[PDB]
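Engineer: Residues per chain are reported as follows:
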Amino acid sequence: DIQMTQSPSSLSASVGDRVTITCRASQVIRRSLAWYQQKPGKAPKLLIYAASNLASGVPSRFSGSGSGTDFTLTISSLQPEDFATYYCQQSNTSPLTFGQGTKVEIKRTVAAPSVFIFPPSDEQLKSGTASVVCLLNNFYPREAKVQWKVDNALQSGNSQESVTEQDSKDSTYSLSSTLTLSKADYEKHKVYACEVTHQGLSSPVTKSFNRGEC
Amino acid sequence: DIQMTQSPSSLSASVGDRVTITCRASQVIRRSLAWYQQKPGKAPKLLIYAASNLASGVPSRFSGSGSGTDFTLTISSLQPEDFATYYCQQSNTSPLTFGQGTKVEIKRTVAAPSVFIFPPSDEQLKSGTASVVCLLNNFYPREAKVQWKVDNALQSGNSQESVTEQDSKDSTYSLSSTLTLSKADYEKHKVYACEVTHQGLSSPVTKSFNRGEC
Amino acid sequence: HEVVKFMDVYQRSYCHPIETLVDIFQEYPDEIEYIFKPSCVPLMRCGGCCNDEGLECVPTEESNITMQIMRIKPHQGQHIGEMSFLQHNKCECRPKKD
Amino acid sequence: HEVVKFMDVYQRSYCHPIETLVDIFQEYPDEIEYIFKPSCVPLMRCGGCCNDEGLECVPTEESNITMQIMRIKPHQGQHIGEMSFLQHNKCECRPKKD
Amino acid sequence: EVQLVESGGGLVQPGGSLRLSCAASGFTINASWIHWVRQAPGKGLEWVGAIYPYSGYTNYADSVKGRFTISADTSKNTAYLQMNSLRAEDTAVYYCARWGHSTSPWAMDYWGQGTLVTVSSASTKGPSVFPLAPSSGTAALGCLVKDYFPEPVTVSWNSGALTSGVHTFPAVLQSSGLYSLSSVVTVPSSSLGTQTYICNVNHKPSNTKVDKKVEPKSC
Amino acid sequence: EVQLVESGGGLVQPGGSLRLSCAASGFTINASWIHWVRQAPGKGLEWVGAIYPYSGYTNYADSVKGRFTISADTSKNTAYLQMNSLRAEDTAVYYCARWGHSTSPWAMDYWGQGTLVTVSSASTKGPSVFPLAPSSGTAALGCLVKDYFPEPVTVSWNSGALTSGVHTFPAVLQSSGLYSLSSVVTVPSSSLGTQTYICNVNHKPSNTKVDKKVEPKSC
Numbered sequence: 001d002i003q004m005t006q007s008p009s010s011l012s013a014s015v016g017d018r019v020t021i022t023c024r025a026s027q028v029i030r031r032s033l034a035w036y037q038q039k040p041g042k043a044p045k046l047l048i049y050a051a052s053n054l055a056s057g058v059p060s061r062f063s064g065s066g067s068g069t070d071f072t073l074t075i076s077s078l079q080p081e082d083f084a085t086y087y088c089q090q091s092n093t094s095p096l097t098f099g100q101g102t103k104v105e106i107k108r109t110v111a112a113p114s115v116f117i118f119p120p121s122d123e124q125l126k127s128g129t130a131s132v133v134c135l136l137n138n139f140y141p142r143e144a145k146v147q148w149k150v151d152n153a154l155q156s157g158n159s160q161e162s163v164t165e166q167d168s169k170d171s172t173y174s175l176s177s178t179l180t181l182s183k184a185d186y187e188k189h190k191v192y193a194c195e196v197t198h199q200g201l202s203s204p205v206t207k208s209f210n211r212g213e214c
Numbered sequence: 001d002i003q004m005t006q007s008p009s010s011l012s013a014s015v016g017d018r019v020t021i022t023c024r025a026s027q028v029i030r031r032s033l034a035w036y037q038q039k040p041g042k043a044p045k046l047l048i049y050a051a052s053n054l055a056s057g058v059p060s061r062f063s064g065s066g067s068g069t070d071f072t073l074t075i076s077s078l079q080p081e082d083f084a085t086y087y088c089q090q091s092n093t094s095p096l097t098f099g100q101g102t103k104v105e106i107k108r109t110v111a112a113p114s115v116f117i118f119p120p121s122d123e124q125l126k127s128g129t130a131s132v133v134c135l136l137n138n139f140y141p142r143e144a145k146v147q148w149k150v151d152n153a154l155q156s157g158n159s160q161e162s163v164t165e166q167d168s169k170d171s172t173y174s175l176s177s178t179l180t181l182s183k184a185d186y187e188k189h190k191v192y193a194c195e196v197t198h199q200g201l202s203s204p205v206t207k208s209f210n211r212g213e214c
Numbered sequence: 012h013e014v015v016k017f018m019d020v021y022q023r024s025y026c027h028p029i030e031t032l033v034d035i036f037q038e039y040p041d042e043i044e045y046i047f048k049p050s051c052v053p054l055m056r057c058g059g060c061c062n063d064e065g066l067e068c069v070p071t072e073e074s075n076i077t078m079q080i081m082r083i084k085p086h087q088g089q090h091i092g093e094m095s096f097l098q099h100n101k102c103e104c105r106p107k108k109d
Numbered sequence: 012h013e014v015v016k017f018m019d020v021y022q023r024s025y026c027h028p029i030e031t032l033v034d035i036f037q038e039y040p041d042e043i044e045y046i047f048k049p050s051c052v053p054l055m056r057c058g059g060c061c062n063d064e065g066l067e068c069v070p071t072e073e074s075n076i077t078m079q080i081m082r083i084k085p086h087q088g089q090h091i092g093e094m095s096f097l098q099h100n101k102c103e104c105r106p107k108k109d
Numbered sequence: 001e002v003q004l005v006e007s008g009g010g011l012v013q014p015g016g017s018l019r020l021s022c023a024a025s026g027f028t029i030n031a032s033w034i035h036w037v038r039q040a041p042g043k044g045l046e047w048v049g050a051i052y053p054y055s056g057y058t059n060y061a062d063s064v065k066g067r068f069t070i071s072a073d074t075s076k077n078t079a080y081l082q083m084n085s086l087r088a089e090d091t092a093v094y095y096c097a098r099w100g101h102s103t104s105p106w107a108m109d110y111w112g113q114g115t116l117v118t119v120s121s122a123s124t125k126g127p128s129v130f131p132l133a134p135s136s142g143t144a145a146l147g148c149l150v151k152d153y154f155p156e157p158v159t160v161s162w163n164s165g166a167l168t169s170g171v172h173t174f175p176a177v178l179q180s181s182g183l184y185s186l187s188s189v190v191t192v193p194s195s196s197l198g199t200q201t202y203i204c205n206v207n208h209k210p211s212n213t214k215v216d217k218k219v220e221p222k223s224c
Numbered sequence: 001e002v003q004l005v006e007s008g009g010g011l012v013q014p015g016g017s018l019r020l021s022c023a024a025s026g027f028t029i030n031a032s033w034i035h036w037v038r039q040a041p042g043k044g045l046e047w048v049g050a051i052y053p054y055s056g057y058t059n060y061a062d063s064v065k066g067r068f069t070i071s072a073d074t075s076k077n078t079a080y081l082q083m084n085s086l087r088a089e090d091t092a093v094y095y096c097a098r099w100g101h102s103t104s105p106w107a108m109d110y111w112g113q114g115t116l117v118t119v120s121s122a123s124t125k126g127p128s129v130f131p132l133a134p135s136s142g143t144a145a146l147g148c149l150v151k152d153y154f155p156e157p158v159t160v161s162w163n164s165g166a167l168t169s170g171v172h173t174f175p176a177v178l179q180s181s182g183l184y185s186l187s188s189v190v191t192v193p194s195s196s197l198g199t200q201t202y203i204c205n206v207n208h209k210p211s212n213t214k215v216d217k218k219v220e221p222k223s224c
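Protein chains in written order, with PDB author numbering: chain L, 1 to 214; chain L', 1 to 214; chain V, 12 to 109; chain V', 12 to 109; chain H, 1 to 136, 142 to 224; chain H', 1 to 136, 142 to 224. A prime marks a further copy of an entry chain.
Derived by calculation from the structure, the hints in this document are not laboratory data. Just so it is clear, CB atoms sit at the ideal spot from N, CA and C, and this is done for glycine as well. Check the hints yourself; a few may be wrong.
[Unchecked claim] In silico DSS-like links for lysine-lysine, alpha-carbon gap of 30 Å or less:
id, chain 1, residue 1, chain 2, residue 2
1, L, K103, L, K42
2, V, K107, V', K16
3, L', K190, H', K222
4, V', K84, V, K84
5, L', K126, L', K190
6, L, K145, L, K103
7, L, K183, H, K125
8, V', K16, V', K84
9, H', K222, L', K149
[To be verified] Here are some, though not all, of the chain H' residues that point toward chain V, as calculated from beta-carbon distances under 10 Å:
id, residue
10, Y52
11, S55
12, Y57
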């Protein structure tokens, strides 16, 4: 099989930067290299085929080159929606092996999160478990430190985070930290704090509630 | 210009070893690579042309391969007379650039030198300079330490060495160390010693004379 | 003696630009009087097949290339001049039209 | 728009084995009844010129290669079989002989 | 207007079988090649195999040979990937995609949406949906889609006439082995209690369809 | 029987001129290309340029353009390398060599012996040859070819009917800027004083031709 080695594995560039991504074949591939872009949870989109031709209706800022065993996709002016994973693929010999993809991130100015806290549902406490959700909304960069304090005791082991996929228009992220606690445990504490440390916050932000007490 | 990068720059192998030498072109050279062998102070001899064909009447133990930008000369069973410098050359684009050559040495069993000392000529002392020559004959490996002691004072700055080219049949070397002294300086000393340290000598060997005294 | 897989042959021989040794007389058919040297030049030109009677492999992007070629007129010596040749950068299978 | 030097053109187009898209019908001219798919295969074959009326570019070392090819008989479906093709490893300019 | 539409995705026992189906329109699959490509979750794309429907020729990855069978139905204009003897590492989103004369070969310019084949001895649970009620400008509200399996779940807001400022997060595998996600949307505070925010949850694999109204809790 | 024979090698002033000549036999240089290749002492080979005598076409290295001129004389079957405006780094052994139809292009299968073009403001000195008299089995004897310039010198023994066991060493550049080498030969002691050992030295560039008889000194 022909091994395809993409580099870099990931890169972070600013809007309007020229970005290049190389792909290297373990043997010669005549010129049968194609480049696909993949936005998360969606089918790949063909960009370049046969090394160097622009696939129909793909923006011209996308450009492909190379001959031999060394090839390059070049985005000439990275745009907010170029955030995606790019794969190369070789068509010369089965199996049709892909690169391992390059994960392109848009680099934008720092933006602090909007912090929100949500108590557990009434309906839910009925079922016998507490889920306390804390929401950090539209920030950059993604590095965020989230800490749960229950009546001022710091938690470890009960929380869990999802981070959103970087936005196609404003290039920010969102994150949720979900504090999972047995009802009986929740019932026996009043203060529920979520504490956020982020680059764009001058000092850490706390958003919180007391149980039942509106 | 196309740069040709040979590796290794030099290698030492035993008789009957399979030796390979690679040559790497900075761009593609279609398959127009040729391999020349050069015995010292003689014209190169064509071995392989067009990457892979054996030049007429060259022994078949010589073999060439490679396609693209990477090529290899392979000697399948190194022979005493293969000692030489091998060059690759590219024919695809002017100028016709060569590699920097690989200098192949035959590795054989250790053999100690036969040491000889020669006094300055009568004829020569007539002209007004003394050349005392000491000869180390047919040894291996070439690493030899030669030291001049004049009446037991060690010399530095007056001696000079030539080492022979490795033999095509028995694979050994010869070396001469020439002690250059002004007649007046020679005239005013009796003992002239040459002291040889070599791998194959169990202990160092001294060969010497006293002036005029037969 | 390893077999080439049908998918792979098909792929490899499909219409594409391939280095082609072209006779200069073919490219320059009005030059009857001259002998050219070399007789031929390497060019990137469309080649391979479309396997469909209705389609032809044809260039969709072209470019030029220029080479010194020796023109030899009989009893008149040899002059080395520059000649130009079309090359094919992109090829497609496209419908034949009469 | 950089010119190719005469020495270099001459060198590059001199008789050598070059990847060639060959029609399978040419190689297998007794198979009139079949349509092949692909129509053609890539082979290393001698090509380029000797620029000397007395010489021809010809293979001096050959080898074989085997590919799956689809044979299509009309109103009889398609069978994929193995076909073999000569390839040229070495080429020389050699004297024509009648 | 070329499109490829997949179906057949689901949960299956390790060792069991599944027939993914890929339905073309806008072109005839006869006059082209259909390939399958898969993507293990978090990993990269791997080629599965291809088919030349004109003839029924197939070619498969060694990683998948002898198990999977691609097939085509030129009358119904549809290709099929038949999965047998399934494994854990076969868990991926499966894509079909087609190559035509418009591009040079195997550059596949139209794909299907992809179905999730998830191989597990685990059982199907539809989720419970809980309000993420706002607070007491711009406010956030939401929906906790919790304790379900397998993936995926789809959340939309207000029958999908609210999209601006919605975030639905990557689902998360709970130490229990069931998934849960949250969908969240920012809205002006002034619109709270003049606007209604129902969130429509969808768990296909369990025929769950919950609309949850979101309002600021009473007390 | 193809051979190429060079001539014209010598010493030249920095700034001056030299016409190396390359005489073919066994083939006609018309029906081929002649190239020149050089080798700075101790360094590797560098291509100088080529000529297509049929037409007089030439092509030169950028390192040598505008100075050197290759030319051919089809009647006299001889190519020529004409050197002008010479430099220090032009000091090398010059080879001509030919490409024919037997090989693929520029694989040059026959060369000349090579001449040494040495560029120096220095003057020509023929050497003095001194005995390296044996001692008092197997003995060594020799010849010290000393204080000469430029290279090269050729030593043979006994009009060249003794070759077995002869060593002639690489010449050495003395701090004076003149060369000196030694040629040495081992012989059975028993043959000493029944055999004669004259050593024939040759310094072409100075028309020196010394035979030195070697015998064990009197005393």
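Engineer: Run every hint past the structure and note whether it holds.
Structural biologist: Verification of the supplied hints:
Taking the CA atoms of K103 (chain L) and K42 (chain L), the gap is near 15 Å; set against the 30 Å cutoff, the hint holds. As the CA atoms of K107 (chain V) and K16 (chain V') are separated by approximately 38 Å, the hinted pair breaks the 30 Å bound. As the CA atoms of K190 (chain L') and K222 (chain H') are separated by approximately 18 Å, the hinted pair is consistent with the 30 Å bound. Proximity of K84 (chain V') to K84 (chain V) is assessed by CA-CA distance (about 52 Å); at most 30 Å being required, the pair is judged violated.
Taken as a hint, the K126 (chain L') and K190 (chain L') pair is honoured in the structure, with Cα atoms around 18 Å apart against an allowance of 30 Å. At most 30 Å may separate the alpha-carbon atoms for a hinted pair to count; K145 (chain L) and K103 (chain L) meet this at roughly 23 Å. Between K183 (chain L) and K125 (chain H) the alpha-carbon distance is near 21 Å, which keeps this suggested pair within the 30 Å criterion. For the given pair, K16 (chain V') sits about 51 Å from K84 (chain V') by alpha-carbon distance, which is inconsistent with the 30 Å threshold.
Our distance criterion of 30 Å between C-alpha atoms is met by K222 (chain H') and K149 (chain L'), whose separation comes to about 24 Å. For the restraint placing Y52 (chain H') at the interface with chain V, the shortest Cβ-Cβ distance is roughly 9 Å, inside the 10 Å limit, so the hint holds. Hint on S55 (chain H') holds. Least Cβ distance to chain V is approximately 5 Å, under the 10 Å limit. At its closest, the beta carbon of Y57 (chain H') sits 6 Å from a beta carbon of chain V; the interface hint therefore holds under the 10 Å criterion.
Hints 2, 4 and 8 from the earlier list are contradicted by this structure; the remaining hints agree with it.
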